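Novice: Single-letter residue listing:
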Amino acid sequence: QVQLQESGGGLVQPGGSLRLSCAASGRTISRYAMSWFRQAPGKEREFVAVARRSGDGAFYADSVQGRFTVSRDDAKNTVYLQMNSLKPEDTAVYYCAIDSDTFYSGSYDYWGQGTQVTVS
Amino acid sequence: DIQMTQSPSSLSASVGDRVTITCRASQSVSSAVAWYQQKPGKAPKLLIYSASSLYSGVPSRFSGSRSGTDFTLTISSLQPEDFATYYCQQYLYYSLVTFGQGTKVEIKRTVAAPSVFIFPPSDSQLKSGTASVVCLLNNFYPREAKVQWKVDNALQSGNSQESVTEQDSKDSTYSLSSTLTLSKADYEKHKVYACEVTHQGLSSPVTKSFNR
Amino acid sequence: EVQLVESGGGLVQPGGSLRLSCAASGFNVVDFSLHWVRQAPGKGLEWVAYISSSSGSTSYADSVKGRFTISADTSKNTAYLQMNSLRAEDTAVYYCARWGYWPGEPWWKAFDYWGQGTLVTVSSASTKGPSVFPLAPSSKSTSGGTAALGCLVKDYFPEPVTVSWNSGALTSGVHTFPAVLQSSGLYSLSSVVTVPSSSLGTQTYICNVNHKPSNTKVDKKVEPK
Amino acid sequence: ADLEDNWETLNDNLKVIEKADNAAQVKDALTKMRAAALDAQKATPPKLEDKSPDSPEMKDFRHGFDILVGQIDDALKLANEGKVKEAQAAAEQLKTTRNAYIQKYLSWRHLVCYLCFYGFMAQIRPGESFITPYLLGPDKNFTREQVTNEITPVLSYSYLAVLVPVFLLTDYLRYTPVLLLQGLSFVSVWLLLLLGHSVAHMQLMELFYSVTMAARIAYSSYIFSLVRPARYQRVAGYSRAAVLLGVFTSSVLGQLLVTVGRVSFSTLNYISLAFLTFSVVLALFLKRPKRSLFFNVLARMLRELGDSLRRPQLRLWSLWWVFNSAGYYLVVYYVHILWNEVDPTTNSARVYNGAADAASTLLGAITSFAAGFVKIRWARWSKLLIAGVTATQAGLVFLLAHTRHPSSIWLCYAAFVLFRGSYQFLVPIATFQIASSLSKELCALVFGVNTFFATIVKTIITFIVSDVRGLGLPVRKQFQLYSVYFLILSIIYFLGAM
Ligand SMILES: Cc1ncc(C[n+]2csc(CCOP(=O)(O)OP(=O)(O)O)c2C)c(N)n1
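First to last, the sequence lines map onto chains A, B, C and D. To convert, note that position 33 of the first sequence is 33 in our numbering; the numbers rise steadily by one, no gaps. To convert, note that position 146 of the second sequence is 146 in our numbering; the numbers rise steadily by one, no gaps. To convert, note that position 153 of the third sequence is 153 in our numbering; the numbers rise steadily by one, no gaps. To convert, note that position 153 of the fourth sequence is 153 in our numbering; the numbers rise steadily by one, no gaps.
The hints are simulated quantities; they were obtained by calculation from the structure and are not laboratory data. Be aware that a few hints might be false.
Claimed, not checked - List of simulated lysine-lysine pairs, DSS-like, C-alpha gap at most 25 Å:
1. C:225 with B:184
2. B:191 with C:225
3. C:109 with D:42
4. B:127 with C:128
5. C:65 with D:42
6. B:104 with B:170
7. B:191 with C:140
8. B:104 with C:140
Claimed, not checked - Not everything, but these chain D residues come out facing chain C in the computed CB check (under 10 Å):
9. 8
10. 65
11. 69
12. 70
13. 76
14. 77
15. 80
Stated by the list, open to error - Cβ pair distances, simulated, as ranges:
16. B:61 with D:70: 33 to 39 Å
17. B:157 with C:206: 33 to 39 Å
18. C:28 with A:100: 57 to 63 Å
19. C:206 with B:42: 57 to 63 Å
20. C:224 with B:77: 26 to 32 Å
Don't be surprised by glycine CBs; every beta carbon is placed ideally from N, CA and C.
Use the sequences and the hints to build the structure in full.
Specialist: See the structure below:
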């Protein structure tokens with residue numbers, strides 16, 4: 001019965017910055033994991049990042065390492081995404097994902113709506 | 001007797017990252033704890049003794065701290081030699097040696113999609129009497145991936161058998177081989193045989209299926 | 001240098017008797033006490049027993065109380081750990097560790113010089129040849145790029161067996177899994193290689209096993225249906 | 001948790017093991033003993049803190065804890081074999097080595113006990129409740145005007161002149177020579193009382209007695225400087241109970257000597273001088289602490305005080321404390337003069353001021369026990385309760401003012417007891433409504449400022465009323481003006497209430 005909220009986006013330039021955000025409501029977050037997915041026009045079901053627990057760090061994808069930055073604020077239940085100079089080959093819509101397993105094995109049932117992101 | 005909990009049981013860092021492994025006691029144990037570094041397969045080694053001191057033989061990139069009953073291992077510059085399992089052990093009396101749970105650290109590696117390949121056996125196991133199908137997950141990260149084994153549209157739990165491998169020294173990725181061994185009663189089931197697996201790199205849990 | 005060594009570990013029946021020998025080359029057991037630490041494969045470290053040759057303090061762990069016994073000799077500078085009526089939980093690696101007496105440099109220093117560690121196993125079934133079965137990539141569907149080709153071996157004992165691919169030539173992409181405990185008491189293992197689909201129809205793939213106690217070398221050809 | 005908490009849990013666990021059998025479950029007790037012994041090894045004791053560490057005079061401390069942990073090993077290696085009788089002899093050896101080795105670097109372990117005996121014995125002053133009958137007896141026979149308008153005004157000015165300078169010297173000397181100076185002040189007071197010649201000798205006597213009535217905060221400050229903040233609550237409670245029991249025992253002993261024993265007042269003050277020399281000896285047998293209040297900085301105190309400058313409830317309780325404390329001391333300084341005025345019996349045993357003092361101390365202890373139990377919201381029923389308490393004080397002062405009967409003053413004695421029931425009922429509440437808002441240093445500062453303003457109000461009323469160059473009024477019109485003053489305070493707090 002959980003649900004997600006997100007915002008951000010916009011037509012950005014290669015060499016700029018952007019801040020994606022995802023909040024959740026329905027269940028506490030500090031004992032679960034969250035994730036960021038990607039869908040492009042033409043393709044489907046890609047991966048961006050994942051945030052495991054409160055005392056650990058984030059884990060990225062093969063092409064976004066050293067470029068994105070994922071934090072986690074457990075007080076307001078909000079996970080951020082610091083887009084830093086995204087290339088124009090990543091004009092895609094980012095999705096948010098909640099986990100339903102405390103062992104973070106990937107019990108994914110509920111996603112978000114979407115956010116239009118386009119570079120140049 | 002007493003317990004010795006060790007919370008960050010699955011850590012991950014790149015070369016040159018400060019990690020903190022905490023460890024909580026049950027009793028009010030004095031400042032005598034032991035942090036051990038055991039390689040997978042090899043012998044343990046004394047890394048930190050008495051919760052603050054540096055042992056003669058281990059490098060200077062290791063330390064620790066005490067906060068009540070909370071002991072902390074700190075690694076400032078993580079050498080690539082230092083990817084092992086770190087054990088927490090309070091030493092208070094001779095017969096109260098209670099180890100922790102072990103914190104097998106990992107290399108900070110980019111989460112990739114698991115190559116999920118289902119494999120049925122040949123015609124030799126049906127002439128032997130014990131069928132065994134497997135599902136392979138190759139080149140993925142982290143270790144936590146969950147297979148479900150949808151046989152006849154049902155999660156056949158209890159009969160599954162997982163076996164993860166050690167971390168590769170070539171590209172620092174993982175492989176899993178889930179094995180479902182079934183009897184002759186597997187033969188007269190329906191014409192579908194699938195395994196569904198989920199992972200953080202996967203959006204949707206991939207279901208790999210075969211017939212006959 | 002001063003160090004430790006262990007001997008006596010092997011294969012026993014569930015409920016049998018086995019005597020481990022811990023030897024200390026260098027120091028003597030009258031100045032430092034000896035300890036035994038259990039490590040199950042996949043699990044973590046856990047304590048078993050200790051002995052102190054200065055006074056005699058054979059106090060054991062609650063999971064192994066009244067089932068094991070220990071006796072240390074300072075003339076031979078060794079310690080015999082005799083274990084009778086074992087269970088299936090004791091399939092583990094036993095480490096013999098040094099630890100000092102109170103006060104100061106012996107006690108405050110922890111288990112500093114761990115030994116090489118002996119290995120004991122508990123299984124009702126004896127040694128037998130592994131049954132080897134192919135794992136074909138099924139190239140009739142989901143092809144075009146690369147696939148995987150494997151060997152599933154099962155019903156063997158003991159644990160160390162090796163899998164070679166094309167007499168050890170093809171070593172890129174070889175994944176050999178640890179021997180997972182089969183519920184029938186025996187062992188099972190998987191090995192797999194990554195094969196491109198263009199080289200699948202030309203390069204003939206074999207798959208050999210090498211088992212050191214049981215004199216068998218099963219080299220089976222793997223191919224799709 | 002440095003040395004003393006480990007010592008307390010070691011003593012408690014040893015008292016558990018000493019009276020316990022069936023040694024299979026004392027392994028947890030013996031390893032808690034071992035943890036308390038090993039944790040108190042790097043403790044750096046305060047008698048060793050002045051010396052440098054890693055010294056050859058420190059090695060005896062580590063060797064004492066060495067043999068302590070070694071006999072804990074000898075106990076627990078015999079406890080793991082299923083034995084039950086070797087642990088008791090090992091605990092006896094542990095007791096002997098704990099008394100021998102560790103106690104060399106431990107100064108005194110009866111500190112709570114010695115402070116209890118200091119509160120129960122060194123507060124005994126059997127001539128305290130018979131000062132005014134001694135001044136107005138057959139010995140010297142001071143008149144009522146010379147004891148009303150000439151002695152206690154010098155007491156008020158001297159209380160000002162020892163509250164303003166001597167408070168810094170009280171905070172500075174680490175409170176053992178402060179209590180020694182207080183004992184020497186008691187010695188000076190009873191030597192000027194036993195060797196009085198004129199009125200100025202009694203003025204100098206009240207000059208030395210102002211130090212004694214002003215150094216009462218120094219005892220609780222000595223407790224806070226000696227006892228750790230992890231132990232200050234219970235030990236402070238037992239010490240306050242010991243002080244109240246010592247004052248009650250002093251008043252009961254004064255009643256047993258004067259009324260029952262028929263001891264003369266000069267011999268009474270001889271006994272008082274002997275017990276105060278005993279109090280000086282007990283002050284010489286104290287221990288000097290280290291962590292003082294305001295000498296062991298200003299910007300943090302001002303930043304934490306700026307949030308408690310114009311609070312309405314804090315200002316209400318502070319102004320009530322100032323006004324009712326000035327009224328309380330102006331009632332207490334003249335109520336003995338009133339008691340010797342209404343019933344001027346020349347017989348020594350027919351003077352029952354000590355019985356009124358004992359009943360007043362007992363009812364004050366009861367109302368202090370029945371002050372912190374008020375689980376009532378202080379939003380609306382505060383100012384009306386203050387107006388009711390001040391109206392009760394006005395009624396009691398008015399009953400003390402128009403009583404001209406020998407048989408009624410008995411009940412008026414109890415009315416002064418009830419005056420403590422109208423004063424001590426709200427003193428722990430006035431302490432709780434101030435101490436729960438600031439730090440303890442700022443708490444002592446706020447109570448010092450409140451005592452300073454109460455002394456200002458008392459000094460102004462003393463300068464206006466009792467002065468012979470201004471008004472020049474006897475004690476009866478002073479009590480009438482005090483009744484009018486408490487009535488005006490009742491009117492002010494009632495108009496503040498509703
Ligand atoms: C004219 C005069 N009145 C009284 C005294 C003695 N005297 C001054 S204050 C006081 C009582 C001290 O105040 P209190 O609040 O009762 O202190 P506590 O008993 O609570 O410790 C006494 C007995 C005196 N020396 N001269």
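Novice: Each hint needs a verdict: does it hold in this structure or not?
Specialist: Hint check results:
Between residue 225 of chain C and residue 184 of chain B, the direct Cα distance comes to roughly 22 Å. Compliance with the 25 Å bound is thereby established for this hinted pair. A threshold of 25 Å between alpha carbons decides the hint, and for residue 191 of chain B with residue 225 of chain C the separation of about 18 Å falls inside it, so the pair holds. Between the alpha carbons of residue 109 of chain C and residue 42 of chain D the distance comes to roughly 17 Å, so the proposed pair stays at or under 25 Å and holds. The suggested pairing of residue 127 of chain B with residue 128 of chain C holds, with an alpha-carbon distance near 19 Å, which does not exceed 25 Å.
For the suggested pair residue 65 of chain C and residue 42 of chain D, the alpha carbons sit about 36 Å apart, so the restraint of at most 25 Å is broken. Annotation: proposed proximity of residue 104 of chain B to residue 170 of chain B holds, straight-line Cα distance about 18 Å (limit 25 Å). A distance of roughly 18 Å separates the Cα atoms of residue 191 of chain B and residue 140 of chain C; the hinted pair therefore holds under the 25 Å criterion. As the CA atoms of residue 104 of chain B and residue 140 of chain C are separated by approximately 41 Å, the hinted pair breaks the 25 Å bound.
Violation of the interface hint for residue 8 of chain D is found here, the shortest Cβ-Cβ separation to chain C being roughly 24 Å, above the 10 Å cut-off. The beta carbon of residue 65 of chain D is positioned within 10 Å of a beta carbon in chain C (closest approach about 9 Å), and the interface hint is therefore held. Evaluation of the residue 69 of chain D hint against chain C yields a held restraint, the C-beta minimum of about 6 Å falling below 10 Å. A cut of 10 Å between beta carbons decides the hint on residue 70 of chain D: the least distance to chain C is about 6 Å, and the hint holds.
At about 9 Å, the closest approach between the beta carbon of residue 76 of chain D and any beta carbon in chain C falls short of 10 Å, and the interface hint on this residue holds. With a least beta-carbon distance of about 5 Å to chain C, the hint placing residue 77 of chain D at the interface is held under the 10 Å criterion. Hint on residue 80 of chain D holds. Least Cβ distance to chain C is approximately 4 Å, under the 10 Å limit. Checked against the hint of 33 to 39 Å, the pair residue 61 of chain B and residue 70 of chain D passes, with Cβ atoms roughly 36 Å apart.
Hint check: residue 157 of chain B to residue 206 of chain C, Cβ distance near 36 Å, so the stated range 33 to 39 Å holds. For residue 28 of chain C and residue 100 of chain A, the hinted distance range of 57 to 63 Å is satisfied, since their beta carbons lie about 59 Å from each other. Separation of residue 206 of chain C from residue 42 of chain B is about 32 Å and departs from the stated range, judged on CB atoms against 57 to 63 Å. For residue 224 of chain C and residue 77 of chain B, the hinted distance range of 26 to 32 Å is not satisfied, since their beta carbons lie about 49 Å from each other.
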